[PDB]
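Visitor: Okay, here's what each chain looks like letter by letter:
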Amino acid sequence: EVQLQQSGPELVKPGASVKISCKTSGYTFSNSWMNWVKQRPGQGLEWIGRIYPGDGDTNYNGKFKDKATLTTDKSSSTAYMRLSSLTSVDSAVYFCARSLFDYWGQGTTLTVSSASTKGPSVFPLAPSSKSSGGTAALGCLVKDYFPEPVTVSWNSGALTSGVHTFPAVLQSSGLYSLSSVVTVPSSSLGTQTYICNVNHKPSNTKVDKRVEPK
Amino acid sequence: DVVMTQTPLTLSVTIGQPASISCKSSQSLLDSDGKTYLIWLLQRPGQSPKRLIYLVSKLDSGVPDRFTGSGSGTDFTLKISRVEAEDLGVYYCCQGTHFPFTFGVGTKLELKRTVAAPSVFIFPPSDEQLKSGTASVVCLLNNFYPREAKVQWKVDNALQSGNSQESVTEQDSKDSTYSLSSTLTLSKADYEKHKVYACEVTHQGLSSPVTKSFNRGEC
Ligand SMILES: [Cl-]
Ligand SMILES: [Cl-]
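In order, the protein sequences belong to chains A and B. Residue numbering for the first sequence follows my numbering, beginning at 1 and increasing consecutively. Residue numbering for the second sequence follows my numbering, beginning at 1 and increasing consecutively.
No lab work stands behind these hints, which were simulated from the structure alone. Ideal placement from N, C-alpha and C gives every residue a C-beta, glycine not left out. Don't take each hint at face value.
Stated by the list, open to error - Simulated pairs of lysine-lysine, DSSO-like, Cα-Cα distance not exceeding 27 angstroms:
| id | chain 1 | residue 1 | chain 2 | residue 2 |
| --- | --- | --- | --- | --- |
| 1 | B | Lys212 | A | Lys214 |
| 2 | B | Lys79 | B | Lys112 |
| 3 | A | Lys130 | B | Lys131 |
| 4 | A | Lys143 | B | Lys195 |
| 5 | B | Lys212 | A | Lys143 |
| 6 | B | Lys188 | A | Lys130 |
| 7 | A | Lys209 | B | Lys212 |
| 8 | A | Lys143 | B | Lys112 |
| 9 | A | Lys214 | B | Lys195 |
| 10 | B | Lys131 | A | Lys118 |
| 11 | B | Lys79 | A | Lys143 |
To be verified - Derived coverage of chain A by chain B (criterion: at least 3 residues anywhere in the stretch with Cβ under 8 angstroms from a Cβ of chain B; other residues may be distant):
| id | stretch |
| --- | --- |
| 12 | 10-21 |
| 13 | 78-92 |
To be verified - Rough simulated footprint, nothing fancy, chain A against chain B, three-plus residues with beta-carbon under 8 angstroms:
| id | stretch |
| --- | --- |
| 14 | 47-61 |
| 15 | 85-98 |
| 16 | 110-122 |
My request is simple: use the sequences and hints to build the entire structure.
Guide: What follows is the structure in structure tokens.
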């Protein structure tokens with residue numbers, strides 16, 4: 001299968017440059033165009049430009065010609081996008097996408113800010129009687145982190161039934177929080193394993209928090 | 001730029017019923033090579049866009065037969081014969097005939113379904129968070145519809161004002177419901193000074209408001 005695997009999230013200061021990568025597999029890298037796309041609230045999906053790895057040909061959106069430089073490495077089947085003179089307007093999720101947008105990477109979140117990273121505090125939402133008939137609830141609170149993103153799974157992704165992960169919300173005083181909950185049969189309380197896996201790559205914070213009745 | 005104008009911007013559909021989204025391009029998308037480089041993409045919340053339709057009417061592999069694409073020139077339509085719960089998301093048209101390639105603003109497809117009351121759950125602050133010097137009391141409203149709900153906090157029977165924040169999930173891709181978290185934020189000292197913590201929920205699907213509560217120290 002075709003795979004486009006992008007590099008991890010980035011926090012960079014205003015005025016800096018950053019280089020994002022898109023490592024491909026499952027097709028001949030040299031023979032398909034690679035596009036880059038920006039997604040930012042209020043701007044929507046914007047095409048930055050494309051590069052043809054076989055000969056280095058490029059086409060840029062005039063809006064990004066002074067901002068972005070596309071290159072490729074045929075040896076590693078990887079496409080790169082360098083963004084320079086960064087400002088807050090450059091904060092966005094960036095995607096690589098092949099050909100006529102037929103396959104997409106998972107995205108890279110870029111935050112342009114003078115702030116430093118701050119990892120989340122991860123707290124259990126402990127089940128009890130007070131968390132309905134034959135259904136109980138449990139969860140994890142992921143509090144006061146910066147920048148986006150954070151990923152949350154349960155039991156390394158093996159648990160998906162009954163899982164609700166709430167959106168990250170930027171709080172008034174500048175940090176993000178979210179939560180993730182699971183509803184389960186009340187019989188499962190204290191008997192089944194529930195581990196919330198939290199990964200905040202910008203701060204290198206990885207937490208695997210076992211959630212048990214209080 | 002070629003401007004891609006989609007209509008409607010929000011589409012509210014009952015499961016099992018047809019839906020359509022149209023796209024107008026400001027220049028013809030017919031290319032000199034005879035092809036019309038119009039595609040449709042779907043993006044689910046927290047995921048990358050996925051292509052569904054290309055060259056106006058061709059279906060990508062794995063895309064259900066209920067999706068069809070049509071049109072020519074500057075006017076195109078994406079049709080869904082019967083909307084399933086998993087069709088929710090934002091649909092974009094996109095053109096690759098003219099540089100710069102451009103995308104529509106997106107049409108959010110949301111599902112209509114019957115009223116469902118929330119199940120309600122309340123969580124004291126964790127000992128770990130208290131040991132860390134802060135306190136969050138959380139009330140969860142799970143699997144309800146419609147999205148609108150009222151959550152009222154009472155501490156020792158005193159109505160709370162301005163010290164809670166609610167967050168709502170995206171619509172569920174299987175049962176089309178929502179879930180909502182309400183966090184009551186107090187200092188640890190304030191938390192330890194009061195006893196009864198209650199969240200009261202009123203929703204169209206509840207005949208009467210539902211209250212969940214706990215007493216600090218009554219484990
Ligand atoms: Cl990692
Ligand atoms: Cl109804």
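Visitor: Hint by hint, note whether the structure agrees.
Guide: Outcome of the hint check:
1. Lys212(B) to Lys214(A): 17 angstroms, holds
2. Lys79(B) to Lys112(B): 18 angstroms, holds
3. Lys130(A) to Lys131(B): 22 angstroms, holds
4. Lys143(A) to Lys195(B): 24 angstroms, holds
5. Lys212(B) to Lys143(A): This hinted pair holds, its Cα atoms lying about 23 angstroms apart.
6. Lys188(B) to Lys130(A): Cα-Cα ~21 angstroms, so holds.
7. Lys209(A) to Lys212(B): Between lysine 209(A) and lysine 212(B) the Cα gap is close to 26 angstroms, so the pair holds against 27 angstroms.
8. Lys143(A) to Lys112(B): Judged against 27 angstroms, a Cα distance of about 33 angstroms means the pair is violated.
9. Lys214(A) to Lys195(B): Answer holds: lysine 214(A) to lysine 195(B) is near 17 angstroms, not above 27 angstroms.
10. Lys131(B) to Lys118(A): Distance ~19 angstroms between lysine 131(B) and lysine 118(A) Cα, so the pair holds.
11. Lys79(B) to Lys143(A): Status violated; Cα separation ~42 angstroms.
12. 10-21: Violated - the stretch 10-21 of chain A has 0 residues with a Cβ nearer than 8 angstroms to chain B, which falls short of three.
13. 78-92: violated (count 0)
14. 47-61: holds (count 6)
15. 85-98: holds (count 3)
16. 110-122: Contact hint for the stretch 110-122 of chain B vs chain A: holds, 4 residues under 8 angstroms.
Comparing the model with each earlier hint shows violations of hints 8, 11, 12, 13; every other hint is respected.
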